[PDB]
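Form solved without ligand AMP, single chain, as structure tokens, below.
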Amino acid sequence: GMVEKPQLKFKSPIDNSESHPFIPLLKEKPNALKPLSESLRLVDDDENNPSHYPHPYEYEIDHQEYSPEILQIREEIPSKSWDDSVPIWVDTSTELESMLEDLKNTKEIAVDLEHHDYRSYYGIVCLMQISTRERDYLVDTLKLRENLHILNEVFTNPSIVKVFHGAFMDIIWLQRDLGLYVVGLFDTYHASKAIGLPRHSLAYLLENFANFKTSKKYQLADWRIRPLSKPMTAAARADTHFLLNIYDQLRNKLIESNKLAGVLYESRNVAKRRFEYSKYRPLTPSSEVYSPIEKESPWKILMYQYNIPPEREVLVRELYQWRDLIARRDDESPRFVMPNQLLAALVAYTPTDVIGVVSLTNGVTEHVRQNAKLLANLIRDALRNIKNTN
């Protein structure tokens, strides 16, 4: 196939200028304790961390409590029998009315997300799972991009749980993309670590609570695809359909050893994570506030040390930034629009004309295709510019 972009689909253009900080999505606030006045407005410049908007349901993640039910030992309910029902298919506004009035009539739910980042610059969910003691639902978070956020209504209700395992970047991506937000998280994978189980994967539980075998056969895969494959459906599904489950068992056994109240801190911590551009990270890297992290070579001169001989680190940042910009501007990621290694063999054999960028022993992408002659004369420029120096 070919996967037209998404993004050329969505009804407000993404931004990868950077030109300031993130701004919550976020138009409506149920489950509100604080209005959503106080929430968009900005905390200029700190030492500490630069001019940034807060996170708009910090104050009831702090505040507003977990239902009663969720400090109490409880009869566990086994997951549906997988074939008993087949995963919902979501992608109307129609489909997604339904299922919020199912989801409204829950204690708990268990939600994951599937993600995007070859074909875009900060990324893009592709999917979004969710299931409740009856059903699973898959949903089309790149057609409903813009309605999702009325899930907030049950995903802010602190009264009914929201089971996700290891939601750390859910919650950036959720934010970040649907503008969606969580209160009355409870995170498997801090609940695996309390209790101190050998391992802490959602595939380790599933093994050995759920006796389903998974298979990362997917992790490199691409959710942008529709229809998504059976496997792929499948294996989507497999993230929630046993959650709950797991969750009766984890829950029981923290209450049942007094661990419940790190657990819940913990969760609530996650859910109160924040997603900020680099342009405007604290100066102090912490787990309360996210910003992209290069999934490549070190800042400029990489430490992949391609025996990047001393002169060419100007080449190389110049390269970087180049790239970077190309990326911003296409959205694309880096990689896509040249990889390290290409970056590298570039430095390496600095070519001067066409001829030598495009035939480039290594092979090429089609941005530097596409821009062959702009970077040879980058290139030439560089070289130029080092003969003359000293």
Contents of the next structure:
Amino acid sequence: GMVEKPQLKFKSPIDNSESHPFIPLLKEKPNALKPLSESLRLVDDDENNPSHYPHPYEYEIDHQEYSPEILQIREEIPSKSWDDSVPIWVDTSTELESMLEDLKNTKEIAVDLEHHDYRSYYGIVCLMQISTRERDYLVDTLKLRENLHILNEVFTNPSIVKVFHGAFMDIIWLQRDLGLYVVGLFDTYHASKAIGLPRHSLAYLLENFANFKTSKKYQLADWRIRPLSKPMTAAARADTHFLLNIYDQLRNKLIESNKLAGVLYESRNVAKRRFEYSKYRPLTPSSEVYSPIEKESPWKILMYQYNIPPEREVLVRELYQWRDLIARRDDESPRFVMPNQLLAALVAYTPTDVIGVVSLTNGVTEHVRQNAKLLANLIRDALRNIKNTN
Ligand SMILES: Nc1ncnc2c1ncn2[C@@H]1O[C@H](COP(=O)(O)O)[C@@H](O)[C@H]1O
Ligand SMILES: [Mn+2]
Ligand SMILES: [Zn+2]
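Having seen the form solved without ligand AMP, can you show the form solved in complex with ligand AMP?
To see the whole picture, the full complex is given below, headed by that same chain.
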């Protein structure tokens, strides 16, 4: 019901302090063209972007040649009958070792991930789905967070195609939490765009090429929950179960129209994307680097102007910074700690005692309840500074 925070069980404790640029969790580097040595270094300051570590597989992604059977129009392979097998649950190092052995014997695999960001500061990968032509695997990325790095042997093997649909964030999530990278990517989203299909979503593809109606009733679900519910297990399996066949049809159509190279180019760039803490994000925002984005109100005085008075912007900002520090401290998301509507509510009514803060017509969060005095003090200070100054 309450769902105990899975972070508590991680072997390596999370760090939201952000005292340095992101450091790749990679310790071993298979399918390497350039030693891991030249990898873990640093790219000292510059106007464009401040000191940071580079993408450990950037070289191979540019140099590693593609498997020849990707440039060939081949007979497509139908997805396996859904009922002919059960998804294989993987949450043990041994189960993980056998799946790995199995993945090494493929020409291509379909991959997907499920993520959670409400009860975590940066967020956490809760599930990984991997399909072969024969079976569907469901990987518990919470319980095997520290072990999953061994999949790099396949995820970076250019001889095996890894099919994802719109992997722009997956690539980010894979390195940030599991130190996994991808070399040999084929993005079906970029494939759909190149061909010019009317719609480019996974759901559109599943409905038209696999006759599977999808449900947006899980892109808001809590993937941290163990065990997975039947309907959630089915929805996760569906993201990769039909993908290899969709891959065949799109690949062939691309070759047939001479647009494959462009898709592979687009895919290599999705794979080269690097993760960095907002504190060290490059000045000019680009699609080559990902830094945490605020899923809420515009930094400081929001545009959702709940009729936010003039003199009350210092207050607004202190609330924002306070919220962020607490979120980072307890490793929670800002909205869990205090949603903008509530932050706005405090600014609008400016309660100055505990009673005023907890009885806010809007209702209150646990963090605001536990810090009611601090907030009432913070607010009282803000007012006094107003009546004063001018
Ligand atoms: N519509 C959405 N709103 C919010 N988060 C989403 C949405 N779609 C996907 N996500 C997040 O992205 C993860 C992967 O979704 P997908 O790319 O559709 O497999 C989910 O488990 C969510 O954490
Ligand atoms: Mn996905
Ligand atoms: Zn999914």
